[PDB]
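One chain comes next, on its own, written as structure tokens: the form deposited without the named molecule.
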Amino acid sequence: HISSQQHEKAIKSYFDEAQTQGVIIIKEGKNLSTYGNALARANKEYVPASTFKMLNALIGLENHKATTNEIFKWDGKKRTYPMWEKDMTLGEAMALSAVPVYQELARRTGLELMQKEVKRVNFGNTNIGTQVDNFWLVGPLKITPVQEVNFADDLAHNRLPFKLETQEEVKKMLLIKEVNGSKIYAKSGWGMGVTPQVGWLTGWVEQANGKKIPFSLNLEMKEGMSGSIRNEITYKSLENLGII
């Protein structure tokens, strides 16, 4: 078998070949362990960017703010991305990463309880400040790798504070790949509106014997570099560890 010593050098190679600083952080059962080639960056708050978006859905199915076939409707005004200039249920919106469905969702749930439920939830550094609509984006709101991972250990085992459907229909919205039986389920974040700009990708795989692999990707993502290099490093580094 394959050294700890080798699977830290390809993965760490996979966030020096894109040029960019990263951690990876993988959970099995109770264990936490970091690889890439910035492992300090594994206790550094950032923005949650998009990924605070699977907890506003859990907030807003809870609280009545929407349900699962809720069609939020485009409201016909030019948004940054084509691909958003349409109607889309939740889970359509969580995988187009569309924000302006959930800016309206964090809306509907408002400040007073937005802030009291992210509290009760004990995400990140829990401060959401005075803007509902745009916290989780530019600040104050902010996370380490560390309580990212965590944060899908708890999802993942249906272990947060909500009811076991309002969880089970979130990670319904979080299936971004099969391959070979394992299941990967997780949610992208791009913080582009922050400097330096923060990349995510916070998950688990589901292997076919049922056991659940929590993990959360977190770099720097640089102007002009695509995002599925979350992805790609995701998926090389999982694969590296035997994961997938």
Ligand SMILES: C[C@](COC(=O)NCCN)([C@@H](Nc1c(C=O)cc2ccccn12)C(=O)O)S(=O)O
The other form holds:
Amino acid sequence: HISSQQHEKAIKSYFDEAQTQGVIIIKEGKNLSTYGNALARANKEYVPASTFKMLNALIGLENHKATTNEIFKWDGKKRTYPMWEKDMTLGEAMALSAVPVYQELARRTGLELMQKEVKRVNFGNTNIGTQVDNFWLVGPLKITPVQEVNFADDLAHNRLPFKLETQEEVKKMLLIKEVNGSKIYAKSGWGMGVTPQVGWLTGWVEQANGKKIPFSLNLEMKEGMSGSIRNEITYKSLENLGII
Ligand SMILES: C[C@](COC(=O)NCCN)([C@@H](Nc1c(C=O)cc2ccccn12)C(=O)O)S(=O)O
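Now show me the form solved in complex with the named molecule; what you just gave was the form deposited without the named molecule.
Next comes the full complex, this chain leading.
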């Protein structure tokens, strides 16, 4: 079959072609595999950006700050994108990366409860600072790609410290693709308020046989770069390895 050298070269070429620097961590059982064109990013800390939504939702639901069918009403003020100027549930806001909805959720949770829950979960450096509505966007909260793939592994297998119903609700919110009997659950992320800008795509693959293969793509986003580049490189890498 295909050599490890060829797989590594192919995935590295996906990041090279996009003219960026990035890594993608794959986890099978307890083993971590690092691929990409800048392997040292694996243990470097970056803001989680939208990937934090997964945990924001978990906390919000567990602590009764919202329900899965509650509709967060658009307040009528201009948003960064027209697509965000509407009423939506947590799940809809997850799919649209609707930051305003999640900022409202964070405000309901409150700084004190948020700091305690982020600590309880041991997410990244666990520090949210003093601003409850933007700590995952501009710091001080940071996390490495290894910690992100492990967070995905824990959520996929319901190991996080939340009722299993809560975990299942948030997981249902993350289905972004189906391919050849395989289901891909993930959350993209783009930290535009930091320099350099970081891009993320963290989730897992649920294969027909029921096995789950967690992953975390992390790269530098550059001016005039497409968010869908995080997805194409992720899908191409997963396919090259025979995961999907
Ligand atoms: C790039 C995504 C979504 O991805 C899409 O390209 N849009 C898609 C919906 N079809 C999204 N970024 C994001 C955040 C999450 O990090 C957080 C902010 C804050 C301000 C401005 C943009 N902010 C975006 O600006 O649209 S990020 O991957 O969540």
